[PDB]
Amino acid sequence: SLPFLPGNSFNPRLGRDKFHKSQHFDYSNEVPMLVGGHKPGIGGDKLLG
Amino acid sequence: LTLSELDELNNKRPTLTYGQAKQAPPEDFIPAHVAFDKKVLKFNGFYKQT
Amino acid sequence: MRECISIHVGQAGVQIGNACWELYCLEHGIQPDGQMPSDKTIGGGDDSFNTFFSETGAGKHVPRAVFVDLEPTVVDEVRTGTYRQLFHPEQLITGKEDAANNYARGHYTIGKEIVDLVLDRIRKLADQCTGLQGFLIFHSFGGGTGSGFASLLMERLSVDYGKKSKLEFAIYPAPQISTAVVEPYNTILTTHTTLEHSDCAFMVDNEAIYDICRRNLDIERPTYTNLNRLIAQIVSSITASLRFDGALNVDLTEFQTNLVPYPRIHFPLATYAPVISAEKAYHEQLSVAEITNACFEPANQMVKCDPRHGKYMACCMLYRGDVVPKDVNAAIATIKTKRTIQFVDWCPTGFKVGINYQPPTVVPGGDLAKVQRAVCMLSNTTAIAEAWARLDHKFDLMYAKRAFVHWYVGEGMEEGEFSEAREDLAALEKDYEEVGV
Amino acid sequence: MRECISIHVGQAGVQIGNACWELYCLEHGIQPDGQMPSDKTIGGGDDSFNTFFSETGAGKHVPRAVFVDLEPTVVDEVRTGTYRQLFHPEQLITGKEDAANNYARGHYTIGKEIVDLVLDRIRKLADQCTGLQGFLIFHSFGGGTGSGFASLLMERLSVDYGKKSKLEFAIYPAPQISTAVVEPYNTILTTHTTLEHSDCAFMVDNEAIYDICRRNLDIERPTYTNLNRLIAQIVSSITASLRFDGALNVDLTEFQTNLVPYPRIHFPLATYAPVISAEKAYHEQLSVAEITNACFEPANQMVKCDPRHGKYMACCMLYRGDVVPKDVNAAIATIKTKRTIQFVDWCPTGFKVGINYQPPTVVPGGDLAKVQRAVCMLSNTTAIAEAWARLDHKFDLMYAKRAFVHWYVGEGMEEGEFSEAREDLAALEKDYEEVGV
Amino acid sequence: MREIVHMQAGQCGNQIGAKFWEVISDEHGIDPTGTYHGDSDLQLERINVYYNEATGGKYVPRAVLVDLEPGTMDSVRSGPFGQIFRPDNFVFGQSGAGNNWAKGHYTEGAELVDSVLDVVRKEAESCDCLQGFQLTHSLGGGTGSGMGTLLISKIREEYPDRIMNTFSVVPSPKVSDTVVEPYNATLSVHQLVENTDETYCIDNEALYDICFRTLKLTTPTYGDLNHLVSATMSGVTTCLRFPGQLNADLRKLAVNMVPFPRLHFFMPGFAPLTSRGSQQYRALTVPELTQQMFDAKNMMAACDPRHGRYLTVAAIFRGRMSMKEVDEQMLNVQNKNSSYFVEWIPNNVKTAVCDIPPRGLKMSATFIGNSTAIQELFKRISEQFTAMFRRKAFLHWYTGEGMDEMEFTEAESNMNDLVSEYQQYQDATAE
Amino acid sequence: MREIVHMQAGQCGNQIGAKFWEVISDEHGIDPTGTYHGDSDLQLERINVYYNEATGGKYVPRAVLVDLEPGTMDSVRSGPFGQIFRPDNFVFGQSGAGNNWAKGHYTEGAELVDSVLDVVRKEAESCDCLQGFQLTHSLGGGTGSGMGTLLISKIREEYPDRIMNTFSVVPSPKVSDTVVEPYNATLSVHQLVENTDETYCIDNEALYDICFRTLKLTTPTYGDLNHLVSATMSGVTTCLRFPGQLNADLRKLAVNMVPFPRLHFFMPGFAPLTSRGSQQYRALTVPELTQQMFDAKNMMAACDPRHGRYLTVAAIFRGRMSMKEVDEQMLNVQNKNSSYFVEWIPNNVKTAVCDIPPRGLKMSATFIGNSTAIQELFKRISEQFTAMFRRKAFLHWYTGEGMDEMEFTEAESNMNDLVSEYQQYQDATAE
Amino acid sequence: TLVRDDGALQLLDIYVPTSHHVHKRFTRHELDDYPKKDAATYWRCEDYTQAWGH
Ligand SMILES: Nc1nc2c(ncn2[C@@H]2O[C@H](COP(=O)(O)OP(=O)(O)OP(=O)(O)O)[C@@H](O)[C@H]2O)c(=O)[nH]1
Ligand SMILES: Nc1nc2c(ncn2[C@@H]2O[C@H](COP(=O)(O)OP(=O)(O)OP(=O)(O)O)[C@@H](O)[C@H]2O)c(=O)[nH]1
Ligand SMILES: Nc1nc2c(ncn2[C@@H]2O[C@H](COP(=O)(O)OP(=O)(O)O)[C@@H](O)[C@H]2O)c(=O)[nH]1
Ligand SMILES: Nc1nc2c(ncn2[C@@H]2O[C@H](COP(=O)(O)OP(=O)(O)O)[C@@H](O)[C@H]2O)c(=O)[nH]1
Ligand SMILES: [Mg+2]
Ligand SMILES: [Mg+2]
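Protein sequence lines, in the order shown, are assigned to chains 7A, 7G, MI, AI, MH, AH and 7M. Each residue of the first sequence is one higher than the one before, starting from 2 at the first, in the entry's author numbering. Each residue of the second sequence is one higher than the one before, starting from 51 at the first, in the entry's author numbering. Each residue of the third sequence is one higher than the one before, starting from 1 at the first, in the entry's author numbering. Each residue of the fourth sequence is one higher than the one before, starting from 1 at the first, in the entry's author numbering. Each residue of the fifth sequence is one higher than the one before, starting from 1 at the first, in the entry's author numbering. Each residue of the sixth sequence is one higher than the one before, starting from 1 at the first, in the entry's author numbering. Each residue of the seventh sequence is one higher than the one before, starting from 162 at the first, in the entry's author numbering.
Don't take each hint at face value.
Label pairs and their computed distance ranges (CB to CB) [stated by the list, open to error]:
1) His309 (chain AI) x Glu90 (chain MI): 56 to 62 Å
2) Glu90 (chain MI) x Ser38 (chain AI): 55 to 61 Å
3) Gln279 (chain AH) x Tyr222 (chain MH): 30 to 36 Å
4) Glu55 (chain MI) x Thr210 (chain 7M): 52 to 58 Å
5) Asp76 (chain AI) x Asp114 (chain MH): 51 to 57 Å
6) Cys129 (chain MH) x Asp251 (chain MI): 43 to 49 Å
7) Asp31 (chain AH) x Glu157 (chain MH): 57 to 63 Å
8) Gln372 (chain MI) x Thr210 (chain 7M): 18 to 24 Å
9) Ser75 (chain AH) x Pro41 (chain 7A): 36 to 42 Å
10) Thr100 (chain 7G) x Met36 (chain AI): 31 to 37 Å
11) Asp76 (chain AI) x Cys129 (chain MH): 33 to 39 Å
12) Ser38 (chain AI) x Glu55 (chain MI): 37 to 43 Å
13) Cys129 (chain MH) x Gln285 (chain MI): 28 to 34 Å
14) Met1 (chain MI) x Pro76 (chain 7G): 37 to 43 Å
In silico DSSO-like pairs for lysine-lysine, Cα to Cα no more than 30 Å straight-line [as the list claims (entries may be wrong)]:
15) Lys124 (chain MI) x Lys336 (chain AI)
16) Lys352 (chain MI) x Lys163 (chain MI)
17) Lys154 (chain MH) x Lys216 (chain AH)
18) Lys352 (chain MI) x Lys164 (chain MI)
19) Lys197 (chain 7M) x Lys280 (chain MI)
It is worth saying that the hints were derived from the structure and are not from the lab. Think of the CB as a built atom: it goes at the ideal place given N, C-alpha and C, for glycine as much as any other residue.
Please put together the full structure from these sequences, using the hints given.
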């Protein structure tokens, strides 16, 4: 099932128990900003950039 | 799939043939006034006289 | 030097051009890069290319064509394909947005932006030539650029060039097969330019060519490639009398004079009919009588209307290859003494026979057998009114409760244009039926 | 024997001259160090280079140019670049402080501190000269070095060499595109003093070359390199008659006597044909009729001036390459029948042609292609009055409020010189009107 | 270079777009870093339809991400293919209206419309011709529904010549997933009718039925649902990006569909959707693609096409297929099921074909059906709305912020007029 | 060989020149030790503009560092790239200014004036061309304002032809940071108008806005805020010290920008200003440079340039780019916003392109605008000065050093004259 | 890098369009076999004139 396709994409969350989010977006004082860039992804896994 | 039919397509594998059939390279055409542009043959002469 | 300019409008025009200039290059020996070696030329050819291609003086044979399409997809596929270096870059012309099956978007907005550029390219190709015979225009009535923009373009050629003959190889909607919904509207709206801005208006039907491909060439699954190859064979058989030698070779205006009886009647049928696969051609003579009877067989026509319900008015045969006139005369006598072929009473002699000493060329990978004799028959019949009436009824069923009209109204094209086009269609139908009776 | 030295003044003049001298070295086969290759031949006699290069005893071809600028940047870039061993070190002469877009600064304060040295260099060039046919002066109408110092050099050269011709290759500001803000002041003050001390002034605008590079060369984002290469092609086509023999040879005095009707109208347009690229050059015949018709197109003019709004006085055609002096007559006969191209009623024969056998030289790493033939069109039109009129409009718009006048008046310039320039240019308006009607 | 700018509104639209920008990135050979690890030049030749140059040969989406609270956009950024988006299109508020159309339209959602309009204008400025605007949202919330319709109204005001089309997940006949979705849907459809060029209404119940009945798919989650929706988007926009024998842009679809301007709610479909263990039993041919395309239990909406008449049907094909077979099947389904087709439109089926299928498949086909059976959906929502409105259930959450009963009555009247129009065009005869 | 001497006056002037001489040393490839560790000869060619070649190969800045107290000069000598300065140009005073303009003009700064003129005379004598004099200072201080104006007056007396440019951090629209700021600014702009050839007004609030709303940075501190001024000071004279397609030195900028001798107050701009998380997402092109320059946010001295009219705008580009897009973008801005330009000056933009960008960018741009929007700043300073002067608050601290209120009512009147002249040249018709 | 030569595995490529697939650069072998334009006719075997291409 190497090509992507509808239905050929299984559950990647099976077995995971920590689904902690992270607040990538937050108003600093009145301006919207991306306060992320160093915060991890879902469950604390490392991002790419 | 049998071991017969799995023996090929690990060798054929149409997913790995994507974009592999490429066009024939086009040989260029140049006019003879560009190919032989600024190409002069120099010879040295004698030209005796009386 | 009997030059003709080929203008291919729309996606159907451009794909016919791809299947047609391939045949022209392979017939005249032109490489896809633009040179004649010597070998692939016709024996004694030398300048026989000089009605489709032009010398640059250095060896380059630039085709005398204008590919136009408002959508930049298929023309850039031409620009990417194997005839990349063959065409001048200005000969292939694109817009930004296509007309989207809308005659208004092809004729009033959008399409009224590059028509002058196309006309300038046509003018350059025209004054490059010395003996311009005319313009062959390839488009479809499916809609948009092939109807609206081709209408505008052929209109401006009609008012500009004048005495030049403007042949039309139009693609017609089928009785039942159709790839779009607004084809009746887009086909009704463009009958004026085929009626009063064209000198001859050869028409082909995709369903008819599908049926011919399924019965004759044994292709149970044909496609647009085979359709355009058959159309290109028809046009090559028409134009070869301007290119090679022959006994009674015709020169465009010759079969126009021998074909159209009246100015309003210029909508004939075109049948190339040694059409056969190689396996089936292995079991027939493919003689002159066979290839003449195959033209009048009402199952080898490229418009789905059998002429047994109408009367023939003028048949022009264009024979190719080893076709001695002594067999053509016997074939014409057999056709005349046939039961079901009925000629009109005011045409005692109605056969313009032309012979060319050049058998058809075959494209590698093609589906046609390599025969040595060919017939392209152009017949003016009172049976295209069947297709006119089918179009008329499919248009009336929609215009009764005004479906899809807001798209046409919101882009120019005041509401009375539909009624005017319907009225002139009815006038043309009345003319054909009163000629038939 | 027919050498004619050049003076490149200003940054625009220096960069244009760099492109020009690269073109001349490639034309005459001189390597950038100033030596012939001695292992291959470009082909030629012994005096083809003896109009721009003066031969030394060792075998080095030092040129005949004076590169002068009051700013030490562009001339030092020339001194550091690849043509560093070609020019003589006392030709790349440079002031110490820039003239700062200020005609008064370039004409009264900084220009007079170096005009003696530029006259000394010009005199030392003219002493080893023997057959001086004129001075080429390359500059822009920008301001300061190209305006004031060029003006001062015009008066000093007119005083020293009285009857010697002084041709200008002047860059005119576009109607809308301009860089400096005091450009109307600089242009009117430059015209005020070049109208009295120049024999002919070829104007080459920037926006017109931008349009030409966008449409013809298929470069919608050019730099000054392509513009300078096209101006180099223009001047090379003008001066090729002094280097290569042809069917009809036009001398530098022949341009003035057959292009300038009255000694006030010496502002011809510029046009090159074909400005074509290698991707589309080899697909065209590029015949004499085509390249002649491409000269009179309004979009192909090298100045932003529509010739349809005025009347032609005289056109100097310069054909280079594979040109027979029969197709030129045919093209002129076809052009003179057109009612759109309007000539003045007092000039029945308004054409002077020069046929030359040497084709234009393609620059490697450039944008133009190697063409069999080309043509340079220099026309005197009454349509050029609109540029002067809109310059009057800009000058009035700024001089009404006396903006930027303090910079000129505070450093050695009376306030009445602006009004003197204005009334001379209004007199020039009236002169074009009188010679037009 | 004709090209679409994309917008996602609400959490449903955000999760739909987060997989749409995966499927078209895999179609165009875009790795999650943003570069082009493609296989052919016919993957980058029309990559500008959805992507923009950034630097180093990297392509950014031309997508605008909208929410009133960064709840789902944190998950979008944290998930895979979430670092390709430019971090200036993430337009968010600090509020989170959620499931109040009024709060997403008139109050607190309405101070974000200026910023999202600014970023949409900035994205559209980097466009030579700007073929269309597309929007993914849901008619069951307040940010997807209300702010989405506000975006549609503003975009239709700024550019009244452009193909503005929406997909939108419409409320379901079974369950609710939201109590106030009758109010949200009847207030959103009133804005969809007057503004959008076409709407491809998607139903989660039909998606669940497609997952179990046609794809087996024992645990579907929302990933397979969003994948089916995204495959429908890609099949719709395929002919704008890849060459074919019969090209069809969104304007061509709009011309060869809606005949009367207020009928543009379509039931989409996809083929082939072969079961988990039925691939050795199925035959991948054009007739089987046509059968699964026109099968009534294969649409992605819960409106039965056999309870009405097909006004128009757009079939968009992808692959190496014979045009005679394709047109023969398109004619044959109408000839064999002429009861579910309007007689006053001959050849109700627009046909398009493209040469490039999705990767891993030889052929594919998408269904877009304008039928007189979406009136069932509008009747369901109208009945569920009037049952609440005749007792003023949950109306204080709207009247307190500033709505009045006049807007509700106008929306209900317009929606019932739309129902009557669909019924009239179903019952219309040939002559 | 054109060359400019540089002066830093006061605490703010020293702290800004500290990073000016660091950014341009990074541009010229000069090590913090003082030697040359570059890689291009274009750096070493025009290096005598700002540096003197000392014995041994070390390059010394041609800068004089002036402060009435030694703490800030110890700080700049202790900072990075602070050991390159010659300690003979580090003149200090024993006492302190105390943010008093009189204490720095009519007292203790008037005894250090002999030493600063001796040092500047030596530095300007060791020249061959002497293009001009830069003064980096702030209005709202004692030695930043009073000593700076004394320096400009004396140098204008000695050399009344060379180009004199001051970079003038002018006080704030909101908040204070100093209580006597309108007093100091009113007393200083009199001398600035009378003496300086050109003045680049700078606001800390506009700088904070461009480091926060555009450049993010969370905490922007003073280092980034001084880097954004050093970028402008480098991009003004990049055409002087680097080759280019179109060169434009200080006298070209002055001649093209000022129409009248008193209208020489400019607001600056630098516009590859992108967030750190958005550098890899942006296509750095000439049109986007033009859009970022001609934006009301990007000005560095408040004064939203839509309440007035652009008399002249200079655009100094640094990078390998296209003059066609340069001139067509400058023309497109004028054609689209012709109401915001004066109608009696055609083409109110002076352009320049100088090939070599700053180290670390492929291209950059510098904006210099002589708008009529600085009437707001001068009117605000006049209003604050009148408010503090009607009740005569903090006036004894200035009148105890010898001044009288004749000078205050002189300076306020001349500021009002400047405001009236800008109003007149704003609302003046062409006819 | 392999040139298109109508291969069974090259028929499985989904990234070459049908137009490029059917309109292809014909080779020396493909033009020297049966599509070679030699064809015996009466008008050529009886040596008629070779004007205009025969
Ligand atoms: N015989 C043949 N017909 C074609 C071909 N391509 C398209 N057509 C016909 O064209 C009709 C569709 O209209 P198009 O020609 O594609 O429309 P257009 O001229 O490209 O203008 P647009 O509507 O803007 O795309 C179909 O009904 C086909 O019958 C082809 O390759 N061969
Ligand atoms: N074609 C072309 N034009 C140029 C070039 N460089 C400058 N110009 C023109 O020159 C004008 C600007 O004035 P300049 O000629 O550069 O002034 P200058 O010669 O540098 O003299 P100063 O202003 O005193 O420094 C612009 O409007 C350009 O059109 C060039 O390299 N090529
Ligand atoms: N197909 C699909 N539907 C979704 C998804 N997320 C939410 N929905 C639907 O959206 C509806 C809720 O609306 P919601 O998205 O919360 O509106 P919002 O508050 O404006 O974002 C529910 O009926 C869900 O069925 C998704 O990822 N895929
Ligand atoms: N740009 C910038 N401005 C500064 C800095 N430090 C102080 N200032 C400003 O300078 C003003 C004080 O002027 P100051 O240098 O103390 O004058 P002085 O007391 O005479 O030396 C304050 O209003 C600050 O806003 C700095 O590092 N950078
Ligand atoms: Mg099309
Ligand atoms: Mg200069």
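These are the hints, each one checked on the structure:
For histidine 309 (chain AI) and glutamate 90 (chain MI), the hinted distance range of 56 to 62 Å is not satisfied, since their beta carbons lie about 28 Å from each other. Between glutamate 90 (chain MI) and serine 38 (chain AI) the CB atoms are about 44 Å apart, so this pair departs from the stated range of 55 to 61 Å. Checked against the given bound of 30 to 36 Å, the beta carbons of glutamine 279 (chain AH) and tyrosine 222 (chain MH), roughly 34 Å apart, stay inside it. For the pair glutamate 55 (chain MI) and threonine 210 (chain 7M), the beta carbons lie near 24 Å from each other, so the given range of 52 to 58 Å is not met.
Between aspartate 76 (chain AI) and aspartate 114 (chain MH) the CB atoms are about 52 Å apart, so this pair conforms to the stated range of 51 to 57 Å. At about 45 Å, the beta-carbon gap between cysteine 129 (chain MH) and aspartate 251 (chain MI) stays in the expected band of 43 to 49 Å. At about 59 Å, the beta-carbon gap between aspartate 31 (chain AH) and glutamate 157 (chain MH) stays in the expected band of 57 to 63 Å. The hinted window of 18 to 24 Å between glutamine 372 (chain MI) and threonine 210 (chain 7M) holds, with their beta carbons roughly 20 Å apart.
Remark: the range hint 36 to 42 Å for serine 75 (chain AH) to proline 41 (chain 7A) is upheld by a beta-carbon distance near 40 Å. About 34 Å separates the C-beta atoms of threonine 100 (chain 7G) and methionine 36 (chain AI), a value consistent with the hinted range of 31 to 37 Å. At about 46 Å, the beta-carbon gap between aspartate 76 (chain AI) and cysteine 129 (chain MH) misses the expected band of 33 to 39 Å. Distance hint for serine 38 (chain AI) and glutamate 55 (chain MI): a CB-CB separation of about 40 Å, consistent with the stated range 37 to 43 Å.
About 58 Å separates the C-beta atoms of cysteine 129 (chain MH) and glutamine 285 (chain MI), a value inconsistent with the hinted range of 28 to 34 Å. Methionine 1 (chain MI) and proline 76 (chain 7G) have their C-beta atoms about 30 Å apart, which leaves the hinted 37 to 43 Å range violated. Between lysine 124 (chain MI) and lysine 336 (chain AI) the CA atoms are separated by roughly 20 Å; this keeps the pair inside 30 Å, and the hint holds. Proposed proximity of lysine 352 (chain MI) and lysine 163 (chain MI) is supported: the alpha carbons are some 22 Å apart, at most 30 Å.
A C-alpha spacing of about 29 Å is found between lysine 154 (chain MH) and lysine 216 (chain AH), which places the hinted pair at or below 30 Å, so the restraint holds. A distance of roughly 21 Å separates the Cα atoms of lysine 352 (chain MI) and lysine 164 (chain MI); the hinted pair therefore holds under the 30 Å criterion. A hinted pair counts as satisfied when its Cα atoms are at most 30 Å apart, and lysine 197 (chain 7M) with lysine 280 (chain MI) qualifies at roughly 21 Å.
The structure fails hints 1, 2, 4, 11, 13, 14 (numbered hints given earlier, in ascending order).
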